[PDB]
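Residue strings, one per chain:
Number of protein chains: 10
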Amino acid sequence: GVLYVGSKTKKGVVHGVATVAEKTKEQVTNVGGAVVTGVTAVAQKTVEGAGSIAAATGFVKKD
Amino acid sequence: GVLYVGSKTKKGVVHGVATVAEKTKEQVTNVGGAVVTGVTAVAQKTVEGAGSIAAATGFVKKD
Amino acid sequence: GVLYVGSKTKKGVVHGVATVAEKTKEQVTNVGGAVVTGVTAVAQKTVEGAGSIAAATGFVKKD
Amino acid sequence: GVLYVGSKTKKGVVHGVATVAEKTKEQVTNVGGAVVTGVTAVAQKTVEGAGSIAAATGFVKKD
Amino acid sequence: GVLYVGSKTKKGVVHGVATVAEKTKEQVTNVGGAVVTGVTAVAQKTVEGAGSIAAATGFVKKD
Amino acid sequence: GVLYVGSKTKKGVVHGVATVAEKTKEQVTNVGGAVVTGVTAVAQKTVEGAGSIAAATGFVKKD
Amino acid sequence: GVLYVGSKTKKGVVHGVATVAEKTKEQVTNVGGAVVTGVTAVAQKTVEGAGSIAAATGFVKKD
Amino acid sequence: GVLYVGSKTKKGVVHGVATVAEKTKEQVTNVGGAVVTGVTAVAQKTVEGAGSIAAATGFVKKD
Amino acid sequence: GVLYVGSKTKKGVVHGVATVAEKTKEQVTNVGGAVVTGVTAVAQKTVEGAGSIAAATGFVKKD
Amino acid sequence: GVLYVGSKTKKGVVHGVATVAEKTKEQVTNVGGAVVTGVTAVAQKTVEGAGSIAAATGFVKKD
Numbered sequence: 036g037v038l039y040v041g042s043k044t045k046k047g048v049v050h051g052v053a054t055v056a057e058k059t060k061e062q063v064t065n066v067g068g069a070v071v072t073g074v075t076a077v078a079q080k081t082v083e084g085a086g087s088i089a090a091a092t093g094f095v096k097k098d
Numbered sequence: 036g037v038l039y040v041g042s043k044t045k046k047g048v049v050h051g052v053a054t055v056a057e058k059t060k061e062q063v064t065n066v067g068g069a070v071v072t073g074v075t076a077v078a079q080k081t082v083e084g085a086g087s088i089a090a091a092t093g094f095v096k097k098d
Numbered sequence: 036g037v038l039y040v041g042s043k044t045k046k047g048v049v050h051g052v053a054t055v056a057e058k059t060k061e062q063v064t065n066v067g068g069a070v071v072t073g074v075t076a077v078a079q080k081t082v083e084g085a086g087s088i089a090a091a092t093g094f095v096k097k098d
Numbered sequence: 036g037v038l039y040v041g042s043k044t045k046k047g048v049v050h051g052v053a054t055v056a057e058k059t060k061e062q063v064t065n066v067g068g069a070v071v072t073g074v075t076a077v078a079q080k081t082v083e084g085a086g087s088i089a090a091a092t093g094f095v096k097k098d
Numbered sequence: 036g037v038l039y040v041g042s043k044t045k046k047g048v049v050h051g052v053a054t055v056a057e058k059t060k061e062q063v064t065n066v067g068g069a070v071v072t073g074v075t076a077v078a079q080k081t082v083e084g085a086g087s088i089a090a091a092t093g094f095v096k097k098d
Numbered sequence: 036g037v038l039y040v041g042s043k044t045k046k047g048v049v050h051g052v053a054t055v056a057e058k059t060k061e062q063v064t065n066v067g068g069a070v071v072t073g074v075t076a077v078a079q080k081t082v083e084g085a086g087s088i089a090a091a092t093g094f095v096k097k098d
Numbered sequence: 036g037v038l039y040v041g042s043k044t045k046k047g048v049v050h051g052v053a054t055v056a057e058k059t060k061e062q063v064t065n066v067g068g069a070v071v072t073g074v075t076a077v078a079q080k081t082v083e084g085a086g087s088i089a090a091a092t093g094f095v096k097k098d
Numbered sequence: 036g037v038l039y040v041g042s043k044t045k046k047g048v049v050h051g052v053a054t055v056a057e058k059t060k061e062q063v064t065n066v067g068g069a070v071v072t073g074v075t076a077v078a079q080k081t082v083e084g085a086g087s088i089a090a091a092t093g094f095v096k097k098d
Numbered sequence: 036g037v038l039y040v041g042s043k044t045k046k047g048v049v050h051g052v053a054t055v056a057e058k059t060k061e062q063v064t065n066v067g068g069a070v071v072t073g074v075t076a077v078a079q080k081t082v083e084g085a086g087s088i089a090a091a092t093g094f095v096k097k098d
Numbered sequence: 036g037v038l039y040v041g042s043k044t045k046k047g048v049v050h051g052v053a054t055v056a057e058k059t060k061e062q063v064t065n066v067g068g069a070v071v072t073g074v075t076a077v078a079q080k081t082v083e084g085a086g087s088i089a090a091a092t093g094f095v096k097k098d
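Residue numbers (the entry's author numbering), protein chains in the order written: chain J, 36 to 98; chain G, 36 to 98; chain B, 36 to 98; chain C, 36 to 98; chain F, 36 to 98; chain E, 36 to 98; chain D, 36 to 98; chain A, 36 to 98; chain H, 36 to 98; chain I, 36 to 98.
Be aware that one or more of the hints could be misleading.
Only pairs whose alpha carbons sit at most 35 Å apart, straight line, appear in this in silico DSBU-like list of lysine-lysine [claimed, not checked]:
1) B:46 to E:45
2) D:58 to J:46
3) E:60 to B:43
4) A:58 to H:43
5) B:45 to I:46
6) D:60 to I:97
7) H:45 to C:60
8) D:60 to B:43
9) J:97 to J:58
10) C:97 to G:60
11) E:80 to E:43
12) B:46 to A:60
13) I:58 to C:43
14) G:60 to C:58
15) J:43 to A:97
16) C:60 to D:46
17) F:97 to B:97
18) I:43 to F:46
19) I:46 to C:60
20) H:43 to E:80
21) D:97 to C:43
22) B:96 to B:45
23) F:45 to C:46
24) F:97 to F:58
25) F:58 to G:58
26) H:60 to I:43
27) D:97 to J:43
28) F:45 to B:43
29) J:97 to B:60
30) H:60 to D:97
31) J:45 to D:60
32) I:80 to J:60
33) F:43 to B:46
34) C:45 to E:46
35) I:58 to H:45
36) J:45 to A:97
37) G:58 to I:43
38) D:58 to H:96
39) I:46 to G:60
Hints listed in this document are in silico derivations from the structure and should not be mistaken for laboratory results.
Please model the complete structure; the sequences and the hints are all you need to start from.
Pasting the structure below:
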């Protein structure tokens with residue numbers, strides 16, 4: 036189809052993703068797709084096919 | 036179809052995602068899709084197919 | 036179909052998602068879809084197919 | 036069909052999702068769909084198919 | 036059909052979802068659908084198919 | 036003498052003095068002494084002398 | 036004498052003095068002494084002498 | 036004498052003095068003493084002498 | 036005498052004095068003393084003498 | 036006497052004085068003393084003499 040984005044802005048201030056740790060052991064920021072930051076930010080994804088798998092996991096501990 | 040986004044703004048201040056830990060052991064921020072931040076932020080996803088699996092899990096501990 | 040979003044704003048201040056932990060052991064913020072933040076934020080998802088599975092779980096402990 | 040959103044605002048201040056823990060052991064914020072935050076925030080999802088499963092669970096402990 | 040949302044506001048202040056725990060063991064905030072926050076917030080979902088399952092559970096303990 | 040102020044606080048939120056006018060003609064907020072705002076706020080004044088005058092007046096219209 | 040101020044605070048948020056006018060003609064915020072704002076704010080004044088005058092007036096219109 | 040101020044703070048956010056006018060004609064914020072803003076803010080003034088005058092006036096219109 | 040200020044702070048954010056005008060004619064912020072801003076801000080003034088005059092006025096219109 | 040200022044800070048962010056005008060005619064920010072901004076900001080003034088005059092005025096219009 037058609038994806039149409041039109042934007043007029045005088046002033047924009049944007050902070051995307053921040054991970055801050057002090058005296059910490061296991062800290063995970065995990066994003067399955069894309070990370071898009073800005074004034075006027077657009078992300079588009081298309082998957083065409085049978086039996087598609089999208090899997091996102093913080094952490095796995097196995098013993 | 037048609038996705039149409041039109042936006043007029045004088046001033047915008049945007050903070051997307053923040054993970055902050057002090058003296059912490061296991062901290063997880065987990066996003067299955069995309070992370071989109073801004074003045075005028077758009078995310079679109081299409082999956083075409085039979086038997087599709089989208090799975091998101093914080094953490095798995097197995098023993 | 037048609038998704039139409041039109042927005043006029045003078046001033047906007049937006050904070051999306053914050054995870055804050057002090058002296059904590061297991062903290063999980065888990066989002067199955069997308070994280071979209073802004074003045075004028077739009078997220079759209081379409082899944083076309085039989086037997087689709089969307090599963091979101093904080094954490095799993097197995098022993 | 037048609038989804039039409041039109042919004043005029045002078046000033047907006049928006050806080051989406053906050054998880055705050057002090058001296059805590061297991062804390063879970065779990066969202067099966069998307070997290071959309073802003074002045075003018077729109078989320079739309081369509082699932083077309085027989086036998087679709089949407090399942091959201093805080094946490095599972097099995098032994 | 037047609038979903039039409041039109042909104043005029045001078046000033047809006049909005050807080051969506053907050054989970055706060057101090058000295059707590061198991062705390063779960065669990066949302067099966069989407070989390071949408073803002074001045075003018077709209078969420079729409081359509082499921083087309085026989086035998087669809089939507090299941091949301093805080094936590095499961097099995098032994 | 037002795038003025039002793041001791042204060043322990045975890046979290047404090049303080050708003051001192053606000054004057055808000057819309058479509059208004061003559062609005063006066065008038066404070067003869069000092070304006071002191073905070074977590075732990077202290078104001079002390081000493082006047083030593085004969086025939087001292089402290090006078091505070093909103094407004095004077097003379098014709 | 037002795038003025039002793041001792042303060043312990045984890046988190047403090049302080050707003051001192053705000054004057055806000057829209058479509059207004061004459062708006063006056065008038066403080067005879069000092070304006071002191073903070074976490075732990077202290078103001079002290081001493082006047083030593085005979086016949087001292089402290090006078091504070093919003094506005095004067097004379098014709 | 037002795038003025039003693041001792042302050043321990045983890046996090047402080049302080050806004051001192053704000054004057055905001057839109058479509059306004061005469062707006063006055065007038066402070067006779069000092070303007071002191073911070074985490075730990077202290078203002079001290081001493082006047083030694085006979086016949087001292089401290090006078091603060093928003094505005095004067097004379098015709 | 037003795038003025039003693041001792042301050043321990045981890046994080047401080049301080050905004051002193053802001054004057055903001057849009058489409059406005061006469062706007063005055065007037066401070067007779069000093070303007071001191073910071074984490075740990077101190078202002079001290081001493082006047083020694085007979086017949087001292089401290090006068091602060093927003094504005095004067097004379098015809 | 037003795038003025039003693041001792042300050043320990045990890046992180047400080049300080050904004051002193053801001054004057055912002057759009058489409059405005061007469062805007063005055065007027066400070067009789069000094070303007071001191073910083074992490075650890077100190078201003079001290081001493082006037083020794085009879086008949087001292089300190090006068091601060093926004094603006095004067097005379098015809």
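Here is how each hint holds up against the structure:
1. Proposed proximity of residue 46 of chain B and residue 45 of chain E is supported: the alpha carbons are some 32 Å apart, at most 35 Å.
2. Distance check on the hinted pair: residue 58 of chain D and residue 46 of chain J sit about 25 Å apart at the alpha-carbon level, within 35 Å; holds.
3. Proximity of residue 60 of chain E to residue 43 of chain B is assessed by CA-CA distance (about 31 Å); at most 35 Å being required, the pair is judged to hold.
4. Distance check on the hinted pair: residue 58 of chain A and residue 43 of chain H sit about 43 Å apart at the alpha-carbon level, beyond 35 Å; violated.
5. Under the criterion of a C-alpha separation no larger than 35 Å, the hint pairing residue 45 of chain B with residue 46 of chain I is consistent with the structure, at around 32 Å.
6. For a cut-off of 35 Å, the pair hint linking residue 60 of chain D to residue 97 of chain I stands: about 21 Å separates their Cα positions.
7. Simply put, residue 45 of chain H and residue 60 of chain C have alpha-carbon atoms about 26 Å apart, close enough for the 35 Å limit, and the pair holds.
8. Using a Cα cut-off of 35 Å, the hinted pair residue 60 of chain D and residue 43 of chain B holds, with the two alpha carbons roughly 29 Å apart.
9. With a C-alpha separation of about 25 Å, the suggested pair residue 97 of chain J and residue 58 of chain J falls inside the 35 Å cut-off, and the hint holds.
10. Between residue 97 of chain C and residue 60 of chain G the alpha-carbon distance is near 22 Å, which keeps this suggested pair within the 35 Å criterion.
11. A C-alpha spacing of about 25 Å is found between residue 80 of chain E and residue 43 of chain E, which places the hinted pair at or below 35 Å, so the restraint holds.
12. At roughly 23 Å between alpha-carbon atoms, residue 46 of chain B and residue 60 of chain A fall within 35 Å of each other, so this suggested pair holds.
13. With a CA separation close to 23 Å, the supplied pair residue 58 of chain I and residue 43 of chain C stays within the 35 Å bound.
14. With a C-alpha separation of about 11 Å, the suggested pair residue 60 of chain G and residue 58 of chain C falls inside the 35 Å cut-off, and the hint holds.
15. Simply put, residue 43 of chain J and residue 97 of chain A have alpha-carbon atoms about 48 Å apart, too far for the 35 Å limit, and the pair is violated.
16. Straight-line distance between C-alpha atoms of residue 60 of chain C and residue 46 of chain D comes to about 23 Å, which keeps the hinted pair within the 35 Å bound.
17. At most 35 Å may separate the alpha-carbon atoms for a hinted pair to count; residue 97 of chain F and residue 97 of chain B meet this at roughly 10 Å.
18. Between the alpha carbons of residue 43 of chain I and residue 46 of chain F the distance comes to roughly 40 Å, so the proposed pair goes past 35 Å and is violated.
19. A distance of roughly 30 Å separates the Cα atoms of residue 46 of chain I and residue 60 of chain C; the hinted pair therefore holds under the 35 Å criterion.
20. For the hint linking residue 43 of chain H to residue 80 of chain E, the alpha-carbon distance of about 27 Å falls within 35 Å, and the restraint holds.
21. Between residue 97 of chain D and residue 43 of chain C the CA atoms are separated by roughly 45 Å; this puts the pair beyond 35 Å, and the hint is violated.
22. A distance of roughly 48 Å separates the Cα atoms of residue 96 of chain B and residue 45 of chain B; the hinted pair therefore is violated under the 35 Å criterion.
23. For a cut-off of 35 Å, the pair hint linking residue 45 of chain F to residue 46 of chain C stands: about 6 Å separates their Cα positions.
24. Simply put, residue 97 of chain F and residue 58 of chain F have alpha-carbon atoms about 25 Å apart, close enough for the 35 Å limit, and the pair holds.
25. Of the supplied pair hints, the one linking residue 58 of chain F and residue 58 of chain G holds, its CA atoms being roughly 15 Å apart against a limit of 35 Å.
26. Proposed proximity of residue 60 of chain H and residue 43 of chain I is contradicted: the alpha carbons are some 44 Å apart, above 35 Å.
27. A threshold of 35 Å between alpha carbons decides the hint, and for residue 97 of chain D with residue 43 of chain J the separation of about 50 Å lies outside it, so the pair is violated.
28. Note on residue 45 of chain F and residue 43 of chain B: the hinted pairing holds, with a Cα-Cα distance of about 11 Å set against a maximum of 35 Å.
29. Between residue 97 of chain J and residue 60 of chain B the CA atoms are separated by roughly 18 Å; this keeps the pair inside 35 Å, and the hint holds.
30. Between residue 60 of chain H and residue 97 of chain D the alpha-carbon distance is near 22 Å, which keeps this suggested pair within the 35 Å criterion.
31. Distance hint between residue 45 of chain J and residue 60 of chain D is fulfilled; the C-alpha atoms sit about 29 Å from each other, no more than 35 Å.
32. Simply put, residue 80 of chain I and residue 60 of chain J have alpha-carbon atoms about 51 Å apart, too far for the 35 Å limit, and the pair is violated.
33. Restraint check for residue 43 of chain F and residue 46 of chain B: the C-alpha separation of about 14 Å stays at or below 35 Å, so the hint holds.
34. Taking the CA atoms of residue 45 of chain C and residue 46 of chain E, the gap is about 31 Å. The hint holds against a cut of 35 Å.
35. At most 35 Å may separate the alpha-carbon atoms for a hinted pair to count; residue 58 of chain I and residue 45 of chain H exceed this at roughly 41 Å.
36. About 43 Å separates the Cα atoms of residue 45 of chain J and residue 97 of chain A, which puts this hinted pair outside 35 Å; it is violated.
37. Only pairs whose Cα atoms come within 35 Å are accepted, and residue 58 of chain G paired with residue 43 of chain I is accepted, the gap being roughly 22 Å.
38. Proximity of residue 58 of chain D to residue 96 of chain H is assessed by CA-CA distance (about 21 Å); at most 35 Å being required, the pair is judged to hold.
39. Between residue 46 of chain I and residue 60 of chain G, the direct Cα distance comes to roughly 25 Å. Compliance with the 35 Å bound is thereby established for this hinted pair.
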